[PDB]
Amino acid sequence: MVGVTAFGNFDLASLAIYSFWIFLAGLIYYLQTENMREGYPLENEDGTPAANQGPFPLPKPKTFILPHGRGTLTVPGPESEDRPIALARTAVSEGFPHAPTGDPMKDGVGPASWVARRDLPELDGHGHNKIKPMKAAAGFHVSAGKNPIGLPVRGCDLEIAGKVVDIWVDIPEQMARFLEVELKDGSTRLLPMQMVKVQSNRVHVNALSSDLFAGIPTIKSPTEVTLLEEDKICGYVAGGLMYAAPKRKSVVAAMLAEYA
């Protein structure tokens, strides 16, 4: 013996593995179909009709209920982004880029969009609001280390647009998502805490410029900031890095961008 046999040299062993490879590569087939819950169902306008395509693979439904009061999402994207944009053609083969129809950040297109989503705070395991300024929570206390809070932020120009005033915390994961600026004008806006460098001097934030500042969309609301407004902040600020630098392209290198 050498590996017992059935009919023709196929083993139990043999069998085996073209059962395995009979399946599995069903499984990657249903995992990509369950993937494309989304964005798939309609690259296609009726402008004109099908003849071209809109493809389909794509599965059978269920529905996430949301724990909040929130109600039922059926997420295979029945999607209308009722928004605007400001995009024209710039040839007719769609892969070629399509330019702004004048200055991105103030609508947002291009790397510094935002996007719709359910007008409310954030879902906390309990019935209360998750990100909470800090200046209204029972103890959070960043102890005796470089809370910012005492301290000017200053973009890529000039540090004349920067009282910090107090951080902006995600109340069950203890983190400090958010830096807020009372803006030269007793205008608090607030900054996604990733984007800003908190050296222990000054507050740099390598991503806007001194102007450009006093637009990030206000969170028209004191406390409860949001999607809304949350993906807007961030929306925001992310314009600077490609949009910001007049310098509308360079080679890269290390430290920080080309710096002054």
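So that the term is clear: the rigid core is the largest set of C-alpha atoms that superpose within 1.5 Å between two forms. Positions refer to the first chain, counted from 1. Compared with the form deposited in another entry:
- Just one residue from the list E182, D170, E159, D124 crosses the 2 Å line for C-alpha shift between the two forms on a rigid core fit, and it is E159.
- Annotation: Cα of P111 displaced by less than 2 Å between the two forms, core superposition.
- Taking the rigid core as fixed, one finds a CA shift for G54 of 2 Å or more between the two forms.
- A displacement of less than 2 angstroms separates the C-alpha positions of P78 between the two forms, with the rigid core held in common.
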The other form holds:
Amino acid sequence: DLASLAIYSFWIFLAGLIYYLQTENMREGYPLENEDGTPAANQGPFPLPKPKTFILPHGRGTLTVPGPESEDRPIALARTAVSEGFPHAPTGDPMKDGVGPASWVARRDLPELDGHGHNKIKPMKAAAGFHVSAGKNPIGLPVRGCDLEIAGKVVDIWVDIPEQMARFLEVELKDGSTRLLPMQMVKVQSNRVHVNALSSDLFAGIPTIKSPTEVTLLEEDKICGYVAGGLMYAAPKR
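In place of the form deposited in one PDB entry, the structure of the form deposited in another entry is requested.
The text that comes after this line covers the one chain and nothing more.
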């Protein structure tokens, strides 16, 4: 019977496909590790897939995965129990140490580039032709924290050139310096920009960028991680 052969054959194919999908999704994060960073005894039912190499544009090299994994950064946490499976308490200020919901990854310390090799994200004042085209222009509005106190003022919008969209709001603090706030973490209102994740006194702690007209992938992670971490750790002040 052809129907039986077809359906029987299809289930075989399907079993192979699932095996392929499971292994493909092991290219990041494996081998598994114990809480102390050493290789775990149980690596799961599937073996690692053969490495694949991505050729990165603009002469930035390649990426081969799976490959040797390392955090490449200090992790300020400590065990709270004598066996596996329990939480790890921050040894210092989780917001400042970048752990928990305030974590950041050690991404390349260079800016993401568009198809033409130019910085993908730039402050709007430095982007030729770009301007607000709809909605309340946040530039010039005061920024309020969850403690209902004003922490600064919006001095510009950092835009994604190729995708023409707002990614960050640049906020100036009382000392004259500025910080970037993820667009997805602010509420633009008619008379203010509200930031629920942070209290006014935590804005100065937002990681700063080394160059004023660009932001690196590493910096974006530290900034985004820090702001999101405020939801949990700034709660006392919310």
